[PDB]
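Shown next as structure tokens: one chain only, the form deposited without the named molecule.
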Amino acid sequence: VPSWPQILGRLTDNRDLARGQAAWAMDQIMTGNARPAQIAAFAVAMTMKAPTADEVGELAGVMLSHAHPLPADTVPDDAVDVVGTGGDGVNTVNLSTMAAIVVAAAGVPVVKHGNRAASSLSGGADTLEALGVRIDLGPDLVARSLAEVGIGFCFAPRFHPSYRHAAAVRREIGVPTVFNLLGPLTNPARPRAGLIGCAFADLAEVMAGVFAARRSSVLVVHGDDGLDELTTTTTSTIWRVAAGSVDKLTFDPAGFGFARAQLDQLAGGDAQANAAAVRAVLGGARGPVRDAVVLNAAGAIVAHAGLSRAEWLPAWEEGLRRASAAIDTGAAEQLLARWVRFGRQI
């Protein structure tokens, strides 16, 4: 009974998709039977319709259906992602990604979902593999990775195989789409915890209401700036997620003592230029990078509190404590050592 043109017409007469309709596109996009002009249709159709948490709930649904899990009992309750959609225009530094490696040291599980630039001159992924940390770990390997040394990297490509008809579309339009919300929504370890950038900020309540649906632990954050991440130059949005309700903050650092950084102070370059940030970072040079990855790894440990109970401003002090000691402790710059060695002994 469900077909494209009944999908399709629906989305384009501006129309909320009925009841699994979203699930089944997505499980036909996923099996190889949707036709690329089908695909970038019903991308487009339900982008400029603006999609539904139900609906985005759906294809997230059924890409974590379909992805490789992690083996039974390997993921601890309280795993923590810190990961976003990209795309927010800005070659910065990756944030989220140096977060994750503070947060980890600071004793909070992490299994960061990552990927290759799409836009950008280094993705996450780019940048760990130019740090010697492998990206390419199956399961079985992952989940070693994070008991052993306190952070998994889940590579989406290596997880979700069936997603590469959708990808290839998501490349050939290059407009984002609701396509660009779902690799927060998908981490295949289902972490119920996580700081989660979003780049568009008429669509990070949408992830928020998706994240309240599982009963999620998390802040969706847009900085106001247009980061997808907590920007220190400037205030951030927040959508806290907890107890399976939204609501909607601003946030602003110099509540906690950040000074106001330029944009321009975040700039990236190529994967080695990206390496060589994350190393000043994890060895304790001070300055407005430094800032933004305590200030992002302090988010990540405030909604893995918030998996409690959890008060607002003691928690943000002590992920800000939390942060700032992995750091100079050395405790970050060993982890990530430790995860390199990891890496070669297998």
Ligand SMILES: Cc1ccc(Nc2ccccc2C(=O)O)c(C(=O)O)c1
Second form
2 protein chains.
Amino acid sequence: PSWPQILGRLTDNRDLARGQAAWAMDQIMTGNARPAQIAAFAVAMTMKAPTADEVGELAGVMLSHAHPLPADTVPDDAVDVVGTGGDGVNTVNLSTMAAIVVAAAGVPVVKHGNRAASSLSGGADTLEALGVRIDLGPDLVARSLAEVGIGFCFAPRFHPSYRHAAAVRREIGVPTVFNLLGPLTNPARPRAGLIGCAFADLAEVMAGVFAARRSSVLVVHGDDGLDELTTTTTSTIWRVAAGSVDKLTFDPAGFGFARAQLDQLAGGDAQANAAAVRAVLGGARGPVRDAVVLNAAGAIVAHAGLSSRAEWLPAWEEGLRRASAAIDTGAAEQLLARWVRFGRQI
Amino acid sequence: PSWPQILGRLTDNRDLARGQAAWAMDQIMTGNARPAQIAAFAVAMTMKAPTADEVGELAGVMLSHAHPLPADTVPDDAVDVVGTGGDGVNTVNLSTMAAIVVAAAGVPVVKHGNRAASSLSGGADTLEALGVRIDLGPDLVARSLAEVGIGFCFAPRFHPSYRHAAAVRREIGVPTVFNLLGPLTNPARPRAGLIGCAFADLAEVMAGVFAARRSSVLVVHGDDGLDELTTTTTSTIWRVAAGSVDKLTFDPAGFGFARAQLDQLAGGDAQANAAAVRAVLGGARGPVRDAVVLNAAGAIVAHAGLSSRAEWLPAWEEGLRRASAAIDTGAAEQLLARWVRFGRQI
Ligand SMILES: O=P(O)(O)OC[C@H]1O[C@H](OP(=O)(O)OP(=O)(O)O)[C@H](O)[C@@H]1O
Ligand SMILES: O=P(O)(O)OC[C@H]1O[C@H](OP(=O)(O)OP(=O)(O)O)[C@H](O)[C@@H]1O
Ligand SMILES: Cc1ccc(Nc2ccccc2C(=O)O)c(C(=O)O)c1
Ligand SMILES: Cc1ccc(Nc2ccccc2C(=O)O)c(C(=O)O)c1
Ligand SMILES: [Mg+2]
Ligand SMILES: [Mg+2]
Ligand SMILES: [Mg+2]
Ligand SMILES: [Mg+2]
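Would you mind generating the form solved in complex with the named molecule now that we have the form deposited without the named molecule?
Entire complex below, previous chain first.
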């Protein structure tokens, strides 16, 4: 393989041969690619239209180089709640809030995350503001998961060899296939998740990668552009189970959710978004709570999907009940406090 | 303007707004663009499919930064003979040989050129091997033109600010819109030319740029892939005159040219290609001479087109007569000798 061969094939609007995307990502991860080559590859793959096989190869190479968690420390039913980011809406941290609520319901959560790229405060920024240790290594993330019920894998901590690609993503500024990689490369490799995708045209491809792994995931794109299940309108869901993908449209009105305005979900700096987390966990009612409960329920539905017996509507109803109860009993608020104490007691 | 705005527009498969391509190229030439940004732009523009407006903006910025020739030193009817390169067929230096013959016929030639990128010997390499100086600045190129009848503008010498783009081109290896820029950025700005394009899908766009400038040009693509008028099969010509482009198919068999095999035009290192030049100018008959005469006649037809009264078939017949006579009288051989002599006596 060579860069001229691979890049030439992409600019010819052709799918890559098996193994070529992998070779490219390996060159990138081993420090052997010039920034110009990295950028040309990211752009060319995006404009060709990436296939699930290709994106799967990219994510597979990243995972092969990532720091793993210790043997037998991640439950077979652990879930992730994470999105691509890049929706350009600057909301409160819906995935992070949902993750806390899901863990409080008793579903093990190992969340992959990072600081903000374009928004005012990303999941990692907000957790930091709440006093959570975001940059623990493999052994301590495993310990967090076992003792608290949730662990957070900071992407830069677990994927240090991606640093050159991460720099190129920032330099070019335009979204590319690389923006899909975060949700696809959780180093703990959980088999379930609620996975947000800001890019309507790339969501089916992400779903295809998860299908190949036989994960149970809901890949979600709010029809208002959110990389979350939205409350302002419908969301498109690519449901992944039994190695298959099927496309659905989801309307929260079917479960009694009132319509919100996008401005009602607006986020601020890390202190503001941390205050938003505390308000929800403290039982404040309103649009933010509704969106958190909806997303937590989605992640519980994906968890349920790890069983072949699970049915869609009963799963949502149970998920909504469990999410609401986790907040209402104080379990979610207490879990966050316990998570903060865990990090200080190490 | 910003890179995210411009690159985002290209990845959305949209034509740029007026001025955006120019802004991008100016950033590139002022040293303000990261290699990753240069690469992303070159690739995205290529895959979107560049327009003549866009490519003309890129070339316009290059020419605005280039070292120009001194005032009133380039004849209004000066012609260029130059191609994109990148046809991967590794031939003898047909444009360079044609240029010498054209000048010997009495048409002023200012040729733009560079060393090889993928072939074994490019035009500048072969001229160097022949003892011609390829390192002359604007004043001396003007003098060469006045005294010998031909001048050679070495691209790196006249476009030093392009060094960052040139580096990126080498790093990624794949052809892009940047590969069109050489024939479009002759710093002497001649109004006529025979212009080779290896990329069949970009030849019409090059023609459009010349049409905007009201040049008289033949943009040529051999149907065997040569960035020259070929002798092995037909050629496609985009004829540019009066600000208009029309596409023609050209068969040299119509003027009594035997069909050649591509093997018969193959080149070697600089020393070998120099020997091919000496052989042709010395009167050696065979397929290389045929291809040189054909391309020289093409350039003479483009020069003829600077008059609105010119007519296609008579022009070709006269161009072929003049090209053949320039060789047969010894004028071409003697012109090369005088060109070598000029540079040794500076
Ligand atoms: O700055 P942006 O590109 O818009 O990214 C917004 C955030 O969403 C993603 O994470 P995640 O979904 O884990 O965080 P969330 O809690 O904010 O949803 C991403 O890692 C950022 O943290
Ligand atoms: O290495 P490659 O990319 O194949 O390019 C072959 C040559 O063709 C172009 O020049 P030009 O047409 O001026 O010279 P020539 O046709 O006489 O070689 C290019 O600048 C190279 O010199
Ligand atoms: C999937 C993933 C993983 C890590 C990422 N970032 C980094 C990787 C290595 C070193 C530093 C960083 C960083 O973003 O600061 C990124 C990124 O920021 O694009 C994405
Ligand atoms: C149109 C044009 C002009 C100059 C070029 N190369 C250079 C430009 C500045 C400095 C050095 C070079 C070089 O190729 O050595 C190039 C190029 O090599 O791609 C193209
Ligand atoms: Mg999210
Ligand atoms: Mg989000
Ligand atoms: Mg040529
Ligand atoms: Mg050529």
